[PDB]
Structures are given as C-alpha cells and as structure tokens.
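The data below hold one chain only, encoded as structure tokens and taken in the form deposited in one PDB entry.
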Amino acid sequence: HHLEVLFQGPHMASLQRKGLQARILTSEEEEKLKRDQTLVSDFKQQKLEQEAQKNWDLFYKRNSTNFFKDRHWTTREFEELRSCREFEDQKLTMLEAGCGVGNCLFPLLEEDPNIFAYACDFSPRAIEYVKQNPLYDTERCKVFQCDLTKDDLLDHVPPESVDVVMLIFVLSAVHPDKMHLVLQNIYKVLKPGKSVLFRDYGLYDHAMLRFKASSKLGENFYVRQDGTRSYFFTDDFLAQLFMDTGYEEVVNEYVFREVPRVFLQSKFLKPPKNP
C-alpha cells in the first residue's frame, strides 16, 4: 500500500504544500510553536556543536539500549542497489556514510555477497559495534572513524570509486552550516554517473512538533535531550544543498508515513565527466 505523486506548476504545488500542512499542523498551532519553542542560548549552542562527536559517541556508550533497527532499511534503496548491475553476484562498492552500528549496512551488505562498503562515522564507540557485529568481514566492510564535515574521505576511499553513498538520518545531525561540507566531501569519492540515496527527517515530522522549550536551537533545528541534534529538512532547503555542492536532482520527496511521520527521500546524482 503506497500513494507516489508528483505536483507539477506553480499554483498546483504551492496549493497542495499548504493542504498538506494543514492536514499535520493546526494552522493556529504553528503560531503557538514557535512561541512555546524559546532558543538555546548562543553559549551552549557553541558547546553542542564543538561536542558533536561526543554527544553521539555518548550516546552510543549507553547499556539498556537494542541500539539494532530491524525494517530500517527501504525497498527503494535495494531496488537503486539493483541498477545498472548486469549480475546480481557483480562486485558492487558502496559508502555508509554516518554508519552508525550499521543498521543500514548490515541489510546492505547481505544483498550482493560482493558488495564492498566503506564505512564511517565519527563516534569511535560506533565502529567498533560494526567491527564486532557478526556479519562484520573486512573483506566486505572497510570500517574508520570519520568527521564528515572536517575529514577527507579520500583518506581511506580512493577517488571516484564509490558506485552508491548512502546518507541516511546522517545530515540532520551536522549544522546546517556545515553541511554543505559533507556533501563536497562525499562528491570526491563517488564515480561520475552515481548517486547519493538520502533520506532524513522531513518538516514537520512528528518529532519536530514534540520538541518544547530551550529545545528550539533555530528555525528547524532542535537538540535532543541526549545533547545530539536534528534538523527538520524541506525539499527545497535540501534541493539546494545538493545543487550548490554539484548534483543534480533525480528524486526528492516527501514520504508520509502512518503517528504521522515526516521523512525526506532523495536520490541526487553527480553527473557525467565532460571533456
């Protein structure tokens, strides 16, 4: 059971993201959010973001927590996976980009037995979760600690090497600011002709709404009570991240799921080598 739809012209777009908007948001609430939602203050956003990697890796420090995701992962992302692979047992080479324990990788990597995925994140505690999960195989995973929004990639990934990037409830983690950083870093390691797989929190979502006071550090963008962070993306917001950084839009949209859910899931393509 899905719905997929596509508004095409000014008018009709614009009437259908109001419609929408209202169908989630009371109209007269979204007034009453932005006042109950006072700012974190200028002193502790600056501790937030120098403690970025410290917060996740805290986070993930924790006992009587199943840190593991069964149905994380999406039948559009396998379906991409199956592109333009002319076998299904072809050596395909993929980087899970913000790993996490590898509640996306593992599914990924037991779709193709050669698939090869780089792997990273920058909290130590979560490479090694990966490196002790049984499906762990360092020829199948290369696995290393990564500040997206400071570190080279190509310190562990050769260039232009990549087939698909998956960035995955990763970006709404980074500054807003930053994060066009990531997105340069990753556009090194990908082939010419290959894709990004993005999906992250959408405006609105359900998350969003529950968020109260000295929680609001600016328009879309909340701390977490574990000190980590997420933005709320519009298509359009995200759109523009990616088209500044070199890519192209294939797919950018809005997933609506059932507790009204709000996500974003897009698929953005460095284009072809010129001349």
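Between two forms, the rigid core is defined as the largest C-alpha subset superposing within 1.5 Å. Residue numbers count along the first chain shown, from 1. Compared with the form deposited in another entry:
Large C-alpha shift between the two forms, rigid core held fixed: of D177, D137, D155, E88, this applies to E88 alone, with a displacement of 2 Å or more.
Once both forms are fitted on their core, the CA shift for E51 between the two forms remains under 2 Å. For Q37, the Cα coordinates differ by 2 angstroms or more between the two forms after the core has been superposed.
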Given for the second form:
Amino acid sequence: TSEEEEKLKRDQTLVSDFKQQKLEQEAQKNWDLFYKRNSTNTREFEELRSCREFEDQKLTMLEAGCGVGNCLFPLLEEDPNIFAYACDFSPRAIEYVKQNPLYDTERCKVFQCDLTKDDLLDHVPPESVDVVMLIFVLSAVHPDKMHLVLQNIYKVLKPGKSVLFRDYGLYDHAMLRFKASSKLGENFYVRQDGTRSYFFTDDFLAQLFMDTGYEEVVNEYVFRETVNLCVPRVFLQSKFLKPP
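Form deposited in another entry, following the form deposited in one PDB entry:
Partners and other molecules omitted; one chain follows.
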C-alpha cells in the first residue's frame, strides 16, 4: 500500500467519526426539522385487551417516542378505558400532539423527553405503567445508547407487564437501497434528512432487552407489503416482560 493509501484510511476513520458525532449531536434537531418541514404525517389493540383483568378495566400506557401520535390517538379512540403518557424529544412533534382536537387531558399527558438522557420518572410515576410502546423509535437511537432507552423505560413499568416493540428489520426496503455513503455501521444507516435508521436482527434486539433485565415473550420477524409495484417489508415485532 502507498503512503497516500495509508493516509486515506486514517482519514476515512476520522471523517466518519466526525460524521457520526455530528449526526448524534443533532439527533433532536433533525427530527424537529423533519416535523417542521412536513404535514402529511392492530397487534397493539390485542395486547391492551390482553392484560386486562376486568372487562372494561382502565389501563395506563406509555407511548415512548410518540411523534405526532399516529399510534396514539387511534388507541385512545378505540379504547375509552386507557390513559396514555406520551413523550418525544421533538418540541414541534409535541405541539402537534397537543394541538389536534382529539387531545383530551383526561386521557393523555404528553411531555418532552430524550429517552437516552432524561429520566422518565421526571414525568411518569415509578412502576406505574401497564404497557410501554416502542414503535419505530429505538431504530432512531444510536446502537450504543439503545440500552439507555430500555433502562429508562424499565423504571416506569409495573412488574409483570411488558414493552411492545416494533421497528425496521434486516433486509427491509430502505436498507436495500442506501448507498454505502450512508452506511454508519453494521445495519446502521443515515437518511437524507439526517435522521438515522437501524435494522434489527431478532438476536441483537433480544440481547438488548436481556442485558437490561427483561424476559423475552415474543421476538419475531414479520413481513408486509407496500404499494408503489409491491415492496417487501421486514419488521422486527416483539414483546418483552419486566419480571414480577
């Protein structure tokens, strides 16, 4: 190898770490910019009706990474005996959740929170929650910090109740198009809008949850289609239990 060949490889590491840190430093900005630049923004129901002891028993629920509430307001409208804590670290997204007319404070408490560093106990009482919902959120978090998210959620969960996980899986469509310029690491990619996407394997995700004290209930790939002309989709869909 040349002298410039050797130089270029140490340059690649250096620039790539610069890129990674900038992307991590601005995780919140890029998600906030995402919301400020757009507005065209069932397994869950089954498990809510599952842990109920009575028939119409009230349950309390934490939607971690609520966005503008696409997975929140439906669950509130179908089920009347459910209270949802909701957080997100994008202020603009929070405005949207507080701003649409379905928002009723007898049913829904939304707050800002960076799940990697802000204590959920600041706004969610300890071991108070029956279901936490991590839907397409963990994959936005740096793989090295994902366990922080799971540790944080742990404090909030009533023992014997569970996290409902769903996120991008191995060989999902986006992973199969990113130019290697956008690869940040193994299964870790950056989108054009600066937000990041991790593509989970069943084994890696299971290890994350067990390293932070959960037990595997369900951990399976699920496959779906999107219309263009059909696009194959791979999600990882799981359920992890906080032990009693």
